[PDB]
Amino acid sequence: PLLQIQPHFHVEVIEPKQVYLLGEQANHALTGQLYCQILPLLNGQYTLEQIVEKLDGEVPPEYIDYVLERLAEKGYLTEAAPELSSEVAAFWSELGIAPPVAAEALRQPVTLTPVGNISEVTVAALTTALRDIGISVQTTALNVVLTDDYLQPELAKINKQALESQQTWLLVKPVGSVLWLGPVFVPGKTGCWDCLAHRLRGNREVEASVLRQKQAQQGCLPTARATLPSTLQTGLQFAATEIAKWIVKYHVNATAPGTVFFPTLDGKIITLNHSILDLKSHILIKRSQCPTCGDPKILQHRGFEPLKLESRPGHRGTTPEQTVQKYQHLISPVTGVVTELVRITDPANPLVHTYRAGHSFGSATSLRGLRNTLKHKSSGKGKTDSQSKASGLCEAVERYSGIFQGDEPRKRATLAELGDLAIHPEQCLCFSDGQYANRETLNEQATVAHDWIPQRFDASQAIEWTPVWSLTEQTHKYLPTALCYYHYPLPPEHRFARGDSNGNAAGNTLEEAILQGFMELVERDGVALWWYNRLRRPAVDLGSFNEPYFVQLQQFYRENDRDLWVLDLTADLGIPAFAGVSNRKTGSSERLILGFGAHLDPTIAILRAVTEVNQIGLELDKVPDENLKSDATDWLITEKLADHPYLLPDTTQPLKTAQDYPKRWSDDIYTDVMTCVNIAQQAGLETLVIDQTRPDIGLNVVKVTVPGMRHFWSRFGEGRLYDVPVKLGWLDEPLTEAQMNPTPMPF
Amino acid sequence: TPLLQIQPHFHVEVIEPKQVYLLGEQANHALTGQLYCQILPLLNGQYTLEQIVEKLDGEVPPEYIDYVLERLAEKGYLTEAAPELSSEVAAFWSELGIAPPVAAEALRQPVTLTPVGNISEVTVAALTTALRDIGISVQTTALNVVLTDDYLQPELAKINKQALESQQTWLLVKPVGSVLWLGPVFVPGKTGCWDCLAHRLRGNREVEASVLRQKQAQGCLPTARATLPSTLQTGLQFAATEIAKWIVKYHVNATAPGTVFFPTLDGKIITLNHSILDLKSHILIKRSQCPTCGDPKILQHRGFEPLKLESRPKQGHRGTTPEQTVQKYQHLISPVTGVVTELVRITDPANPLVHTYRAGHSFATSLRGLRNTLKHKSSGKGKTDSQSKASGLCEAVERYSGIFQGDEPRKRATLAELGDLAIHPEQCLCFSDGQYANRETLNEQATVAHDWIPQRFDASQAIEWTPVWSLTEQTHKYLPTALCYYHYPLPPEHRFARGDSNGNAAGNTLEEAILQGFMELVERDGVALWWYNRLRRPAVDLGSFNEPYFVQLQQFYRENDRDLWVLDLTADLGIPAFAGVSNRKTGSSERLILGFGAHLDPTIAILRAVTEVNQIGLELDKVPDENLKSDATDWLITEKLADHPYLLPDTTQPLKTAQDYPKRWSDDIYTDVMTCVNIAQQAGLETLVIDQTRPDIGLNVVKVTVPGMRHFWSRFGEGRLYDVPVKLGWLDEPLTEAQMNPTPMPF
Amino acid sequence: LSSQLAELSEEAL
Amino acid sequence: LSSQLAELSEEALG
Ligand SMILES: Nc1ncnc2c1ncn2[C@@H]1O[C@H](COP(=O)(O)OP(=O)(O)NP(=O)(O)O)[C@@H](O)[C@H]1O
Ligand SMILES: Nc1ncnc2c1ncn2[C@@H]1O[C@H](COP(=O)(O)OP(=O)(O)NP(=O)(O)O)[C@@H](O)[C@H]1O
Ligand SMILES: [Mg+2]
Ligand SMILES: [Mg+2]
Ligand SMILES: [Mg+2]
Ligand SMILES: [Mg+2]
Ligand SMILES: [Zn+2]
Ligand SMILES: [Zn+2]
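Chains as they are written, first to last, in the entry's author numbering: chain B, 5 to 143, 151 to 229, 240 to 334, 342 to 775; chain A, 4 to 143, 151 to 228, 240 to 336, 342 to 389, 392 to 775; chain D, 22 to 34; chain C, 22 to 35.
Bear in mind the hints are in silico, worked out from the structure with no lab data behind them. Keep in mind that the hints are not guaranteed to be accurate.
Unchecked claim - Within a straight-line C-alpha distance of at most 27 Å, the following computed DSSO-like cross-link-like pairs (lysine-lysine) qualify:
#, chain 1, residue 1, chain 2, residue 2
1, B, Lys289, A, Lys301
2, B, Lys168, B, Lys289
3, B, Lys21, A, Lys657
4, A, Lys225, B, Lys354
5, B, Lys21, A, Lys301
6, B, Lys411, B, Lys301
Next up, chain B with everything else stripped away, as it sits in the complex:
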């Protein structure tokens, strides 16, 4: 029956041949003299037969159909719905939905289920808000859950039932200063509530910690206290609009699958902060390993399957901007893993680029431990703005992927029964028997936390071993899981390790990540041989490399009251490794700062070093010495260049140049890795890789380990730290443990 042009269009007629259709979101122009004649009869007040009568002796009715047909063909035309007001009709048409369809869709009913401390009156208000837009409640196609917190334990049960029942449902938190709205869970399609929750527990470490502390003295805390009746109503009503939108979208999709496009809260969480005023959209990822809906058993299989590398032709395979774009969605403090990614340095500086990235790992059982988490955040390093951004993002994801979740590849056994394939943790840690004997006294007095000494390994005890891949021998070996992931819970009487970040790296491909990891190892190994033997190294002529950034950067420091030079740390592997060093020429303290970097391309290696000097030292010079809460505070304030002659270059030796570093890289990242593994082999070293990648993340993350190679922390076990300097002729005879550098590497 009755016919109208889309009711969300104001219809304006310009007499000769022009009719303008004006929408809030869009505008249209109609050309034709007949359009002017007909369209004022398309207000929704006329029928074809009354249309044709009005113009009798004006237009041919045969023609009219041709207009109507073409308007209908182009989709400016619909049948008006008597059920709805013009405004309501207009809303759905602006989403591209016909009024008669909307009316039919809204007839559908919904359920409302409160959880936590949501009032029955609150539920009445939502019910009312739904009613006023023509939605009814059954006391279904959708279940709406009202909570005061997304981690209310009752939600776990509603979720499992919804999964077994295949019930689509929506979550909303309208109480509190921050409205949470969504997601709509659609079992078998959407992210899981538990898979959302997994993310959330990590993001609220402080809250998560308090409960741990609480149980010791012995699942969520109600912080949703700040609530105006206007914010509450703002959230219920807003939710009601989105509920309708889902219902309408769902209804049509059954009849005409994939025909509607406007977004719904399916897999999204919207947070509207009422206090500071900001609305953010948070994307929920369906975790393939979600115990509740996924298959947690995956990561086990993959660990015990071989590692298949395949060739991939600043070597990083794709642009930083591209890497950021696709992995941006992990930057959310709700659904995400990275809390933020913020430029810390001034943009007007085209040389210094440093990004802060918020970070979420902490199991701290005490306030003091809680201070240390939150404090320590990953960071971005780059020659350019774009490169720094990717570094900060990828480093944050790097650490998270390393955190022991509890589904990692493992098996319980002892060293003797594993035997040949098993690898003893003292081969990796390389602590001295003196250190292990004086743990409590040494650990008790330390200026640096990472210099912690674990309890000795007790080979008699069964432990969980994780299968690592050996690239040299092309088969599975085994390390104690405690070294392969962060925060592996060990018994209080067998804390023989703390998983470190050395060798850890992210990448757009496995080979890319493994490559960076191997270099990280070489970096540290190089620094260790240099620092704890206190060797005098040659400087690097930064002009001999076809890259001005070094030279410009040096000048920057001078203008900012500093000198910047670079030392050569290339050891027996022959892989370019360097240390960037800088001291302040005035002020209260000298503020010595260090940066390290290794790469087959020595230009990249130096660049890594110098940028890691920017990352660490530069922001702090703005601070008076009395405000420093850095872990390297004491170092920065009291230490001096004179007291550490192994920091400034040896004028006895000549400056290194670009021609002193042979090219051993190719056009392939896989070939580069295979080069590194064989360089390590000729030195008698095995190269191991564990795939820390997470399916719900995507970005590859690995930990590379090369047993024997040194960490730049104070670990004075027998091995390369003593021997390598002699084999190269840097020393005539090995130093003693008692002769190693008493001052820990502070960064």
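Place chains A, D and C with the ligands on chain B using the hints.
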């Protein structure tokens, strides 16, 4: 007496031995000390200080208690409860940092509501209810709230003036429609006014602006039709929350300054899109220029006062970074309050060589006149994403700043009564006498729109002349205003000019902009000589320059079916100027594409040229032949490289190299400018500058004009187009107008 | 085919 | 003063 309670938003949790955590929704705190664990559980607002002693009397001394509550008060964790307020309400303001009793006094100030346009008295009451429910009296004032269906309702003008005269603060809201507009709070003599907002709006509502023109030939329109009762209640309630925040902030910043800062709607507009779900903040800038509240005579005076230039040391020759320039002019990007609608990266981020951006700004009496706008979107060029983004933004600001507003410097006179100070428009346009004679016939046959031939200038008529600063003669000259600014309205029978964009340029400083402008002129002039005389030019050896980008980009085109080369267009001014040319080897069409550029630094000039190729070319390559919507369709589809042998390089001449382009730039942009004006002087040309900079915009924009220098449009008057080639020996004799290239420069 | 009906076009601004 | 008054400390968490 008064109950004592810890801040209501905080949830108290005691960890017995030493700590007590104050958990909040947006902030968490931790307290240390026995006394807290003992004392705080009684600070839940159920005890008086007289009452507190007894419960712990014998356990804690009173003097002790006072000291504990003393330190709590100083540091702001401690407050007194307010009887007037509910616990939830109290929690909302305390979470902002406002002790409840101050808020209770703050909320006590009444408010007036005013409906304007098609807003229902029912709807007004709906807000009244919403406001009242959070404790805000409403008077039949400290704040007037205006409800509209459209921010351009004429009634608002009368209100604004009333507000200004009475110094009355007020708020604007639009709850109806599918897009909530909330704000701003206008504060007379402080923020912008409605007219300042209106000036930006009128520009961003383009179709509506024309439709109102077309209609009145033969104030605003209702786009607000799509409204759910939910999206309506959502806006009103949301408005109420923000109104309350304004009142309370206003109160406390005076009563307790510097203690609490959270954002209000003052000088801000918030848009919430109910359909697509997106909240965006928009900044309203106060216009020192507008007639309603500022001083419209500002630009008038500037124009008639001498230009003052000054030294600008450099730091790729500009005075600031792109990341910086974008930063301080981001706020201009807003389809509501802004001059740039959007700024989008059109190209793939995984491409490190090609970076093109898209920009907006809409500027028509007709549909066909309407179509050309909405296609004219400014675009970004760069070697870097950073530069491309900066260019795309700054080009948009450039075009806007040139649009004739009506406050520009002017005076009515005839060419006669100005004398030698005036400049005849024919000196700038350079149309031949034959073109002017066959105007209508030629303009009727319009391969291209920009080749439009204006009416002859009638010297007898009195026109408006704008003062321009001559850098050569260091004094004021005059051009007809119609040439200085875009879309200057002329009488239908004296349409002697359409202002063009040739020599218009933006910049972080005047001198920076003047330079880019001047160089734009040289670019077009050289192209004009080359294109219309159809000269054969030598190619450039891109490899000879110490800039790899050139030959890398070559290989990129080569890997995308395209060759790329560069011709030398350097003419009698000696300034390096080039043209990039690219054609598709395979397929139906060659898709010839062109890019130009000129700069003292030949490295930069070529870079400009080759980037101009990227933006225009690579993106249109995707499309099949038929669908091209570009203006250059007939060019891109039909035309051949073999039909235009002047496009491909002359193998008769030797390749140009970096040594063929001497250096004439310095470390100062001001010296470069004065160097340019002199080069023009040597060629008997005068260099004129009109400053189009707008106070509310900040970014400097100018139009440079050098009468006699040639535009690359089909303009064949006598002058440089004929003589310069003969003067350079490029031709042995001048060509005739008839012999000029009949095919127009399509870009 | 007819004129009155031919000139009819529709387009999105 | 008493160590109980000296130990008092109130800090925020970011
Ligand atoms: N374009 C990129 N693609 C993938 N991962 C990247 C990219 N850029 C940086 N990364 C990652 O971010 C880090 C880059 O090197 P860098 O930021 O110096 O880490 P790092 O040196 O291991 N941090 P630190 O341990 O404090 O020295 C590595 O973890 C990389 O895996
Ligand atoms: N980094 C920057 N800082 C300030 N202004 C800039 C910057 N980059 C570009 N601009 C301005 O933005 C415009 C740059 O346009 P550009 O990318 O050079 O294309 P164009 O060729 O000059 N314009 P057109 O020839 O009409 O396509 C000029 O107005 C410049 O003044
Ligand atoms: Mg690392
Ligand atoms: Mg490093
Ligand atoms: Mg330009
Ligand atoms: Mg140009
Ligand atoms: Zn799941
Ligand atoms: Zn104003």
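Hint check results:
no.: 1; hint: B:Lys289 <-> A:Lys301; verdict: holds, 18 Å
no.: 2; hint: B:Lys168 <-> B:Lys289; verdict: holds, 21 Å
no.: 3; hint: B:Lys21 <-> A:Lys657; verdict: holds, 24 Å
no.: 4; hint: A:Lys225 <-> B:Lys354; verdict: violated, 48 Å
no.: 5; hint: B:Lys21 <-> A:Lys301; verdict: violated, 38 Å
no.: 6; hint: B:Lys411 <-> B:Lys301; verdict: violated, 31 Å
Checked against the numbered hints above, the structure breaks hints 4, 5, 6 and satisfies the rest.
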